[PDB]
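Presented below, as structure tokens, is a lone chain in the form deposited in one PDB entry.
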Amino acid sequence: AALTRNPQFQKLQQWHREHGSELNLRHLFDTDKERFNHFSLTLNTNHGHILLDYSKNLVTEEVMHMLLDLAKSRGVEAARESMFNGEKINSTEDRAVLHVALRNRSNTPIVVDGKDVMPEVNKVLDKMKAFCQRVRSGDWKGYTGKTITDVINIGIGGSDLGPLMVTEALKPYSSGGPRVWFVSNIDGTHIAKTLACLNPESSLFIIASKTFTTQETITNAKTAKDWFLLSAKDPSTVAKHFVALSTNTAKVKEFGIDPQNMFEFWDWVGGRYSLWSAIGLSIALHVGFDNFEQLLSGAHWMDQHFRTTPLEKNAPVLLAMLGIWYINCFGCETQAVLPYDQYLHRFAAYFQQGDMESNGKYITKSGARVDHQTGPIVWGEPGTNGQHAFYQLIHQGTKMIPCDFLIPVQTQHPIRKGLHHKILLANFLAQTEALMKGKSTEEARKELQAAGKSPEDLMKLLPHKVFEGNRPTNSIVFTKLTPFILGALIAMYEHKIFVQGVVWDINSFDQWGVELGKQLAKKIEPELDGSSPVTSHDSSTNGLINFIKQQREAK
């Protein structure tokens, strides 16, 4: 154990056990005209403003204080410093965790084993811009001799979600770039439906893989190459249509891609924190290197913000401690992410991986068995669509669900003189208001009175029209969703995730929970061949396998 030993954690727990049930959001606001002023923070980045209103939360100044003492007591600051200074904090793998280095525009040296990392970081960044240029506008080589129209990124998990999410989110900066596609699933339908719309001679493939050994990626990659080599019969033309993002040059050249067309990153770059490195080649190819370097800066801005701001006003820290409050004290299993922005329709999913992959652990750094909750289940859907799909359970269900509502002040498409975005903003505002205020039995009763329902009817409907409210939310508004702000927003959460992991004393940059599936998978592959029944596994796995062999032939 660890966290459960800490005194500040104990005090925070005892306080909740005793005064937690009385905390009312509706109450708080009427007895404190400054609640908003006291529980929010506006951030000027010089490239847009970011307001983080965390006032619609079940917290008092005393609560925020206990929460802050806890963050300090757990060594959040020292841990932060260890990360930025290049120390190997990813203990289990004895690696450094340096995604802040990939976006370190200041170029302040960061040393890993007596060698500053920035030179190799900028070396790669430069090479990306150089390649980007040659592709973006003619000049790059289609064995046929034509400029490349489509870029296909082939990768999974960390080598996929980030580039995809960011590219969908920054479409308004598509500007003269080629069309980018993203193939990840091993499921053959994925690459097949992508290759069906492509033209070999004008397509550029980017096999994105850190280890360059993942089964889904390499298989998808081999299928792309066989597809390409089908039209272009010369295996030497592969170097004109295939490039790679990885660390194992040996593996890369084995595939057929030459060493100079391999953009590299480093072991200290976690997969779920890789979009900022070479893995973001498709982003740069889509919105140009300027919009990319912009993305790189917004994070860097946040990186510095996180580093230099006292805890009481540190966004990532505040976001993280609020989560701990709801996770370790209230016991809430999930964290809802709701961006009222279509372009960000992949944002929530980006962080399911971001959060869950990092903090879905039960073993601390000392090897002690955790005896408290860790990472939450992160889910969500955008725009106003959720209001019609599942808000019903958020408002009147039986689960307490912390919600982060995000939205840009001005859209990329102010059509109809801004009427759409006006309605979008109103709902964004109204939902957290409703989630907080709710609607009492009397307010409801009074409404049914003015409706003309018979005492019979009114009673049978009254409680159903009652909103108990008191449902906590965070409102995150920013001037506009540009590459810089987006980069800032992503970094913000990355650090939220970091702070929680440090508080739980767990290694957020670990993915050991994935190897059991992979190995039992490799063991089953050959058993699927043939039609003889399998019996080596548990009855269920046997049954599933045999039902499969039986039905594989049916029509």
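Rigid core here is just the name for the largest C-alpha set that superposes within 1.5 Å across the two forms. Positions refer to the first chain, counted from 1. Compared with the form deposited in another entry:
Just one residue from the list 189, 454, 236, 308 crosses the 2 Å line for C-alpha shift between the two forms on a rigid core fit, and it is 454.
Now show me the form deposited in another entry, since the one above was the form deposited in one PDB entry.
FYI, this one's just the chain on its own, none of its partners or other molecules.
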């Protein structure tokens, strides 16, 4: 494994074993009035500012310099160029990795197999916009002449999470668009509950699937089509209510979808990096194409920042190395994402796939098994709610949990003259402050006494009211959560994930870890039919199956 052999990494490791343990945030802040200044970065996008404050982290100039040396010696910069230049860095699949090309507004050429990719990219974007305009304008009618009122996206992986998260995040910008629904789970209640609120005459289904062979999506699509034709009665009417987003023309046609109703993307577009491609059709339909182009632009802006900025002032690089520090030196298993924005309620879930499916690996690009930790477990819920659910464990638990706090300065809903947002911001600020500062035995004791506690209560409560603090957090504050800023925020993390993948020398763009489950599932499906017990598996799988056959009857 490259990482553990790297001299910059080893130097980092020994420093941690002989210093890291004594690092204390409160102390660091008390002895360096320039800490915020030295450990924060402000980005002016001309469309809002983004403040990345990483000063509340367990680091020093020395640690940062070492972390940055490591990034450099692991070839982060060269790796980045190869990605942008269209090289097939996805080594196990021999594929290019060009999600940056999907939002390359500069249209600077990017050649893969001797051919520039942009023309195809823009071609689909035009197709998307033209189609979106017709549906939005009402020009596009159903099989009964009615205009489309509901758009239903049926997809699962990177074919669901992104479009769902962004549409939720940008609701304030969906003024003139139809209602968008998202169906993904094979679980029947999902599609059933949806179709129950729809009129086939005014419903448009979007079959989103890179491969167009995923069982859940195809089954859901077929179910939606059956339900539809039950009323439309003429297979020819399908061309007015079903479109597909995929890279597989054959499967699409085989499904029965008109080829002009196919918005394609490419193999170098990873599912978990696809919302920027045709997969984002439901977004464009929801917020309009202008807002969608803003989304792409924001990501493009971030891509430029990542590409042209020296490492020491490079946002995604800084976040990545801060993560490496906690994962590989402090051994923290998780990474919490806590946005203080109800609209971003699906932000954390999106990066569970983005981050975990990318770096949840254990084999390097050379074929060697890692002998160090890789991708963390990403989780989180919107602020303040989380404060009333799990922060208890973050503040007084036994796990070190790196936290990323995000919040827009300006709210999309300044009700009560900004009272609500003022309180939201106060909590956002106070939480990272509290995690950092903590509360000593003495401070607690004085509070208890001042509060008028009796010698008994105080003595009883004292130890329980002590906060050891020293809990690291990142504070990412942006002027406003607009399509452009959101676009830049997502791209920022996409690049953080990329950097970490390079440091660990793993392929952040394949996902072989999903094959085993799929194949075993294919084996079990036919065995479930009938009441005959099964015994071709281990005793657990057999036992579970037999219980299912038995209880299938129970009334």
